[PDB]
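S.K.: Below are the chains, spelled out letter by letter.
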Amino acid sequence: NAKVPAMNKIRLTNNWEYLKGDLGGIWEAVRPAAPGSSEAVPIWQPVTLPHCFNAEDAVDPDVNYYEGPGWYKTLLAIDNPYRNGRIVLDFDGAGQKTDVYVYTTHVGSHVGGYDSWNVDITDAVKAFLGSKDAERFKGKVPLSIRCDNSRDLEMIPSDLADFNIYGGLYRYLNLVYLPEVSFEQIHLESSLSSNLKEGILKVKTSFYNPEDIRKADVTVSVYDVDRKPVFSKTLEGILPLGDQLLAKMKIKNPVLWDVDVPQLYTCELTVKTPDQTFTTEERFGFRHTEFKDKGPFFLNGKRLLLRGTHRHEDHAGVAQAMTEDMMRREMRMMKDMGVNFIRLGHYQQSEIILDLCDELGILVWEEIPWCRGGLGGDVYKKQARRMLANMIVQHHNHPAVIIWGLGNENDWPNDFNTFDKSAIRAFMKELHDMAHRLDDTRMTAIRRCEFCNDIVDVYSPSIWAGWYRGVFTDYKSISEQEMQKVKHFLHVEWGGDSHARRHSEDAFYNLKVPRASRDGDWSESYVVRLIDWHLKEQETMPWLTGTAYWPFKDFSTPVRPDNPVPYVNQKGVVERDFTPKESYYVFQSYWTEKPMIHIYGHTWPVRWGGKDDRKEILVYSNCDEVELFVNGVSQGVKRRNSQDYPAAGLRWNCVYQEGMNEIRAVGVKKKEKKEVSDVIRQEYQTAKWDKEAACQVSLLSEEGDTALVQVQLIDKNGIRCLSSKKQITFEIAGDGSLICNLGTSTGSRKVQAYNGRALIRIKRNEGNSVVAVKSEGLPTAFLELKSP
Amino acid sequence: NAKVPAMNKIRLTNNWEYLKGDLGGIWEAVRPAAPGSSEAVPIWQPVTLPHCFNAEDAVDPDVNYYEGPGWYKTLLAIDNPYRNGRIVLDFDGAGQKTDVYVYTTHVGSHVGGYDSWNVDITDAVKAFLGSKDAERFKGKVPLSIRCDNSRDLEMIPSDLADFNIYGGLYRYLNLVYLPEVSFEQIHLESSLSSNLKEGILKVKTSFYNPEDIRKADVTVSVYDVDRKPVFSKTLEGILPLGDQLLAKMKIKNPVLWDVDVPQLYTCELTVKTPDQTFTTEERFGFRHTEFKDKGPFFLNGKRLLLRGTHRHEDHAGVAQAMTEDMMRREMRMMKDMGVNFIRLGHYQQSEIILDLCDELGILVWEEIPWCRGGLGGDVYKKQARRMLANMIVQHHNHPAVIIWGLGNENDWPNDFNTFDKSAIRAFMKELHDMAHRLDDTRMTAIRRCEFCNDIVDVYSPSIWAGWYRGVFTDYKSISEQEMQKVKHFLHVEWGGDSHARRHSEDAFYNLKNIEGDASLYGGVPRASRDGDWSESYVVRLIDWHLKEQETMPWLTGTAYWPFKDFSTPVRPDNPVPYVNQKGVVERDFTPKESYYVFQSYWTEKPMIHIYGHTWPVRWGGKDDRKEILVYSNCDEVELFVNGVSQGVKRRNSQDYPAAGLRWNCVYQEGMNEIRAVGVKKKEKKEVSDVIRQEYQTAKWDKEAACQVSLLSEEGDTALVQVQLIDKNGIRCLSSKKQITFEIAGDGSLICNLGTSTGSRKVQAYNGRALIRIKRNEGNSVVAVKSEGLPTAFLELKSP
Amino acid sequence: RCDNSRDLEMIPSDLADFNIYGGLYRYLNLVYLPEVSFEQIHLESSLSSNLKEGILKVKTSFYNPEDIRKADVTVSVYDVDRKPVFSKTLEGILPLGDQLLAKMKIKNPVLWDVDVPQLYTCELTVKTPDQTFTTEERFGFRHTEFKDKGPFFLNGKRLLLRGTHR
Ligand code: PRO
Ligand SMILES: [K+]
Ligand SMILES: [K+]
Ligand code: NA
Ligand code: NA
Ligand code: NA
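Protein chains in written order, with PDB author numbering: chain B, 22 to 533, 554 to 829; chain A, 22 to 536, 546 to 829; chain D, 167 to 332.
Here chain B stands alone, though its shape is the one from the complex:
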C-alpha cells in the first residue's frame, strides 16, 4: 500500500452520514427509500470527516467503548480533469478493517488502522454512471464504506494494550484524480559522508500505468532549501512501467537537516506524454546519525542528548479524529517545550505528523502495533509484516525518522492459551531482517522484551523510577546497569500520573523530606519533582543516548475505568485538550533558551498548614537568577543551578498570611539581556477540616451561553476538605447540557475531586436547567442555572 504521491488531493470532509452498527447488505445503503417507510430506519447521523466512532464513549465513565462495525455514505460529484484519467480514493488511515463500495460493487478492503492505502475506483465509477441506476442518483456516485474495530485476537494491536483500538474514518479520506501515467511510489534515498561534505541522492520510482503507455518523458529536478535548482535532468522516451531508477547524484557541501535548523531539499518529478503533464514533489534531508557502542547518540557528528516524548493519536472531543490544525498546534507545543525526539506511540501515525517533525526538527522512532499478548497465526503475522513494510516504504523519505520499532512489551502474555518465547524470537528476527532489507540506513528497536534484546539494533527496557519501581532517585543507577546489557541503549517511557489541578502540601519541603516513591495521591506536585530529578541527572550522563517521557498529552485508554479521570492515562504533562500542566514548565525550563519563568501553583487556589509555617515555593525557570516576592516583600535573589535540587536552586520557604496571598517572581537571563516575570494568587487556609459532609455547589463564572460550575467538598462546619479525592458525579435536567466526556479533570461528569473541588462547564442553550451533584455517602446538592 502507498499514500499516493499526488498534487491534487480533495479532502472529502462534508456531506457524510454515519451509522453505528452493521447493514444487512450493501443493498441497504443504496436501495430506494421513501420517508416514513421501513427503509427509513435505522436513522443515520450527519457528520464531517475525519470521524471516530469513539469521540465520546472512550471516556464516558459508564460504558465500554464501542468495538464493532459502522458505516459511512456520501454521494460523489465526479469530474475528472484528465483525459482518460483515474479516480482514486486515498486513505490517510481508517480503523481497523475497512471495506469500500461504489453503489453495490465491492471495490477494495484493508486491514490495519494506522497505515495509508488507496483504491482505484475508475472502472466501478464508469460502469455505474453508464448504468440504469445512475439516474435516480442525479448524476452522483454513491460511496459507502464499512469500518470495523471489533475485538480480534488475530489482529494487531492487542486489546491488552493501554490505548483505545479506535474505529472509523478518523484520518482524512482523499479523492485523487490522476492522469493516465503517474507515480505509485517515490523513494528519495540519500546518504551523507562521515565528514558531512558529500551527499548522495538516488531517485527511484514505481509507475502507475494501467493503460500500458509505452513511452514518456520524465524530468527530475532537485531544489535546495532556498528553492534554487541544484540538478535537473529529463529522460526522453523512458518506459513508464513498474520500477525505474531516475537519477543518481552527488551533492557537495549539502545543506544539512538538524534539530535546531531543519533544512529540506525538494525533489520535483514530471511525467509528460502527448496527453498529460503531471508533476509532484517529495522532500528529503541530508543528515548523519550514529549510535555509539555502549555510548551516546550523534547527529551530524555532534553528541545530541535525545530530549523525547511520546504521543497518541487522541484528543478531547474527537478521539483519533484530529484535524491538521490540531496536529500543528500539538507539535508546535512540543517544540516550544524543547522536545527534539518523539516515539509516535505504538503505531504509524498520520503523514501530517511526520511532515511536522521534518519541519520542526524532531527525530522520530515509529513502530508497528505489535503491542502485547504474544503471537498469533498466519493472518496475524502477515499483518505485522505488511504494516512494517507499509510503514518503512511510506515514511522512508522523512529525515526525522531514525528508528523503525518492531513492537512493544512483547513479553506480555495471554491473548492466546500458549506463550512461546522461541516463536516470538523467530518472528522478531524475521521482522528485523525484513526492515534491514527494506531500509538499511535506519536502526530497528523494541521496548521491553528482554528475551529479544539481542535481536534489534536499539533496545529499551522498562525504567519507571519513582512510579512503578523504587524511588526516582534510583534513576541514574538503574539506567547505568541497564545500558551495560545491550549494544545501543535508548530509554523510552518514564514519568508518573498526575490528576491535573490536584496539588499536595506533603509533596513539598515545608518548614514547621518528601518521599521519592509513587505518590499514591497522583498530585502534580509529585510528578513535578520526579521530572525535575530525571532532567537534573541527565546532565551528568554523557554516555546516554537519551530518553522519551511517556506521554506528552493525556490520552484515553480502555483499561483504566477507575482513574481520577476515568478511562484517561494521566501521565501527560499536557491535558487532553492541550492545557499545559505544571510539569510542562519543568521540561521547558530545562530544555529551552527563550526566557521563561513559572511559579508552581497556577492551578493551586488554596494552600494549607499551620500559622507561620514556612511554605516551600518552587519556580521553574531558565533564567540565570530569580527574585521572589511574597505579598510585595522580597524573599531574596537566587541563582539557577540544575544540580541544586529541586527547582535548580530557585526555591524559597516563605510564610503565607491567612487568606489571599500574591506571589511574584522576576527573572533575568543575561544571554538574552531579558527580564521576565510571573505572578500567582493563592489563598492560605489554617483551619483544619473534619470528614467530608456536603457538597457546596456554586456558579463560578459565565462566558456567553456557558456557565462554569464549581463544587467544593466541606466538612460538617463548612471548612474546605482540601485533601479530598472523592468522586463527584454531575447530572443535569432542563435546557442545558453538561460539557463532559472530554477526558479532562474539568470536562468529566464523573471525576475525582482535586483538593476537594471539581469544575464543569454547562452549555445553557439560552434556557433554564438544574444541575445535581452527587458524592458517595453525602447529600445530593443542587444548583439552578438560568439564562439572561
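No lab work stands behind these hints: they were computed from the structure. Using N, Cα and C, we set each Cβ at its ideal position, and we do this for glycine too. It is possible that part of the hints are untrue.
Pair by pair, the computed Cβ-Cβ distance ranges are [stated by the list, open to error]:
| hint | chain 1 | residue 1 | chain 2 | residue 2 | range |
| --- | --- | --- | --- | --- | --- |
| 1 | A | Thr581 | D | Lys225 | 36 to 44 Å |
| 2 | B | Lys767 | A | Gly160 | 57 to 65 Å |
| 3 | A | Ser215 | D | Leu325 | 38 to 46 Å |
| 4 | D | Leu325 | A | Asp461 | 43 to 51 Å |
| 5 | A | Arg458 | D | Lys271 | 21 to 29 Å |
| 6 | D | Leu325 | A | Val276 | 42 to 50 Å |
| 7 | D | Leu256 | A | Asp461 | 16 to 24 Å |
| 8 | B | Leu260 | D | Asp169 | 45 to 53 Å |
| 9 | A | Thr255 | D | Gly322 | 28 to 36 Å |
| 10 | A | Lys24 | D | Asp247 | 53 to 61 Å |
| 11 | D | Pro250 | A | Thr581 | 46 to 54 Å |
Could you slot chains A and D with the ligands onto chain B? The hints should help.
M.R.: Using the frame of chain B, we list chains A and D with the ligands on its own:
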C-alpha cells in the same frame, strides 16, 4: 426438543453475565484475569435469564435498537444423576444466530430466532474436566454463548418487518440431564371417524441412543381427561434406535377437544434397561376440523366463528424475554376476552404459549418468519425450509394448531435489487408441498400475497376497513368480495391504533342545543381513520366489525391485530415512540377501552363497562347531551348520571353502536358520576360499573405552559402529572404535543416501558402526560420540556 | 468428464469384488420437452386382503420453469390388453410442484405374477394453449408377504424364490 423430558430439566436463570458486543476470540471468555488487569475490561453486566439485548433500547426514543453480537457466560455445576448419562443444553429460543462454547471448544450453532434446538455437550464436558485447565475453575465448567441479531438480508425475517428482530437468550435455556436411552421425538398422530365416535392414535418415536444400547423395554400408556388409563402396553426387547412405531390404538367414544371445554389425553412413555427407568409425558387431543369451500369453519361438526387475535413475543421492560408467569397472565387475559383463535405473530412461539392454547381452548395459526422483502439465495431458502420443518415437527402434537403459515406480505419488495414473482411462487409451492408431506392433517396459509393465492389451502388478503382503506362500514362488503376469490378465506389482521388514555369528543355523537323550544344538532363522526388515534375511534371500529360478523354466516372468522401493544423499529414517530399501538391491551397488560368491546360481544360471564375509565375530563357546551357508551353483555342496562336515571335500554348487537346501550346526557360543570347497572337473565345476575368524570365548558387557546405536579405517591414511587394549559390557565384538552421528561438527582424515571405512562418522550393525551419516578428515598428535580414552551421544573424530596 | 478415480470417501469400496467402472456406460439421451412436463410420476398401488380390490394413487411432480399458472391434465389407466379402466381430466389445475392426480379403486384387478407378469399402464397428458404432451408409466398389482420365521408368499400363494445375481 420439548416437551420430551420434565424434571431433570433445570432452567438456567441465575449467575449469568452479559456483554453487549463481541469478544476477540473464545479465549477472552475463559482466560485468567486479575482485578485491575487489561483482562478485567470490557466490563460485563450481571443478568438473569431469560434476557433480551433490547429490553430497553427497542422503545428508547433516541437510539436505533441494537442489532449485533452479544455474549453470555456462566459456570455450570455439573452432577449428572444418571449412570453414564448425557448433558444437553436445550434452547426454547434465542435470537438470531447463536454459537455455544464449552471452555474453548465450539460445540454447536443455530440460525433462527424462533425455533427450539439443543446441543449434547457430554463429550466436551468430559474432555474439559479431564484436562489440566479444569483445575482453576474449581470443578465447574465454563459455558460461553454468543448470540447475534445483526441485520442480515439473507436471513428471515426481514428488517422491513413491523417488529423488532430481537437478540439474546430471550427464552428459557435448560440444562437437561438424560440417561443413556431417551426420546428425541414423540409424534402423537390422532384422527377421528366421520361420526366422531371413534378415535385413532398412533404413537411414533425417535430414540436418542448415543451409546448404542441394543434392547430396551418401552411402555406406552394413555390416560383420559380424568387421568384414567385407557391403554397400556409394554414392548419387551425393542430396538431403541432411530424411529419406532410404538402403538396404534382405537379409542371409542373419545372425549373431544373444544374451544369451550379443552380436554386432553396424556400419553406416557417409559424406557427401561438394567441401568435406567426414564418416563416422560406428551399430551394430545381429539378434534375434527373442516373448512367449507366458499364457506365457514367447522370444529367437531359444528360451525364455529373464529374469534381471533394476534400476539408478539414482546412485553414492557423485557422485550422478548417474557417469563412463564407473564405468558400465563397474557393468555388468561385473552381467554377472559372471549378469544378462541390466535395467529402467533410472524414466527414460531414459545412452547409455553402452545401449551396455554391447548389448555385454554384457543385454536392456533403459526407461521415461519418469511415476512416481507422478496426472496434470497440458498442459505435463505434453507433457513425457511428448516424453520418450517422444525415448527411442524416440534408443535405437531398440539390439538390447538389448525394452520401452518408459510409467510406474510411476500409481495413486499426491496430487500434485494430484484423481485421475481415466479421464483417466489416456486419456493412458496415447495414450502406448501413440504408442509403437507410433514403433516397432511392441517391446512397451510399465507397472508397478503395475491399472486400466490392459488398455492395455499387458506388465504387471507389485506382488509383494514376504517384504518388503511376506506371506511369501516365497507367491512362486510369488502369481505364478501374477497372471500369469493379463493376456496378458503380467513381474515387475519384488522383494527386501528389508539394512544392509550387519549379520548376524543369528536369521535362521539354529541348533541348541541340550537335556539320557543330549542332543537338539537350533532355531527356524525366519520368512519375513516381518526388522525388523532383516539381510543374513542377504535372502540367504534371494533364494535362495527363484530356487529357485522353476526350477519356473515359464511365467514370462517377473523383475527384482530394485535392483542397487545408491541414495539416496532419502523415507527419512531408514534405517540408512544417505537410502539405499534393497535392493541386493545397496553404493553404492560393494562386493558384499553377496546378490550371491553370484544369482551361484551364474545363472553357470557356477566360484565358491564362504561366507556371512559381513563377519560378524566370531557368537554363541550353547558347543555350539550354527551354520548355515553356502555359495553356489556347484559340483556338490559340502566344508566344513572349524577344519581338521575336516564332510562333502561335493551341490548341488541345490530343497534349500533354499543348494541343499543348508548345514551345522550347532560353533564354538569365539574365532577360527574356515571353509574350503569345491568342484568343478565340467563345467569340471573346483576352487575354494575361507575366512573367519575369532570366536564369543562371553558374553551382553550394555544398551549402556553406545562403545569407539573405530584399527583400521588406509593411508597418510594411518585406519580408526576403534566398538564398543557393556555395563557389563561385553561387546560388544552385536545393537545397532542410531545412531552419530554428529564431528571437529575437521586431518583430515576420509570421509562422505556413502551406505554403512554412509562415513556420519557410521549405525545400528550388530552393535554396531559403521566410518568412515575423511583425516588430512591432521596431528592430529585424533574424537568418537563415541550417544543416552543418554557421548560417546567418539579422538585421531589423524601422524608 | 467422467472419473472413476479411487476414493475412500465414495461408495462402493475398492475392496469390493467388482470393478468400479468408468465412463458413459449407459445410454445418454437428448430429451426435448414442452414448457410444462412431469418431473416424477409415482404410481402407488395396493391390493386388498382377498386380492379382489386394488387401490392406485397417481402422484406427480411438475417441471414448470416458465411458471405457467394453469393446465389441463388427463389421467388414464389401461389394462393388460390396453383397455381403459379409468380416465379423468382435471381442468385448470396448477402445474407446479406436487399434485395428487387421482385415487381409484379397481375391482378384481389382474395380478402380476412370476408365471404371468401383467402390467397396467398409466397415461398422463398436460395440455395448455401451446402444448400437448403425453407420457406413460407402468405398474402392477400384487401382494407380497414374508412370514415370521417362515417362507415367502406372492398373491397369497407360497412362492420359493429361485434366484440369481448379475
Ligand atoms: O395428529 C393430530 O392432529 C392430533 C391433534 C392433537 C394431538 N394430535
Ligand atoms: K469508556
Ligand atoms: K428505539
Ligand atoms: Na487485537
Ligand atoms: Na433479515
Ligand atoms: Na470408494
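S.K.: Please go over all the hints and tell whether each is borne out by the structure.
M.R.: Hints and how they fare:
| no. | hint | in the structure |
| --- | --- | --- |
| 1 | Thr581/A to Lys225/D: 36 to 44 Å | holds (42 Å) |
| 2 | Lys767/B to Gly160/A: 57 to 65 Å | violated (42 Å) |
| 3 | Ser215/A to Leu325/D: 38 to 46 Å | holds (39 Å) |
| 4 | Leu325/D to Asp461/A: 43 to 51 Å | violated (35 Å) |
| 5 | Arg458/A to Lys271/D: 21 to 29 Å | holds (24 Å) |
| 6 | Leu325/D to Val276/A: 42 to 50 Å | holds (48 Å) |
| 7 | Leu256/D to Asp461/A: 16 to 24 Å | holds (19 Å) |
| 8 | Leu260/B to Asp169/D: 45 to 53 Å | holds (47 Å) |
| 9 | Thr255/A to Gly322/D: 28 to 36 Å | holds (33 Å) |
| 10 | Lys24/A to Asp247/D: 53 to 61 Å | holds (57 Å) |
| 11 | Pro250/D to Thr581/A: 46 to 54 Å | holds (50 Å) |
The structure does not agree with the numbered hints 2 and 4 stated previously, though it agrees with the rest.
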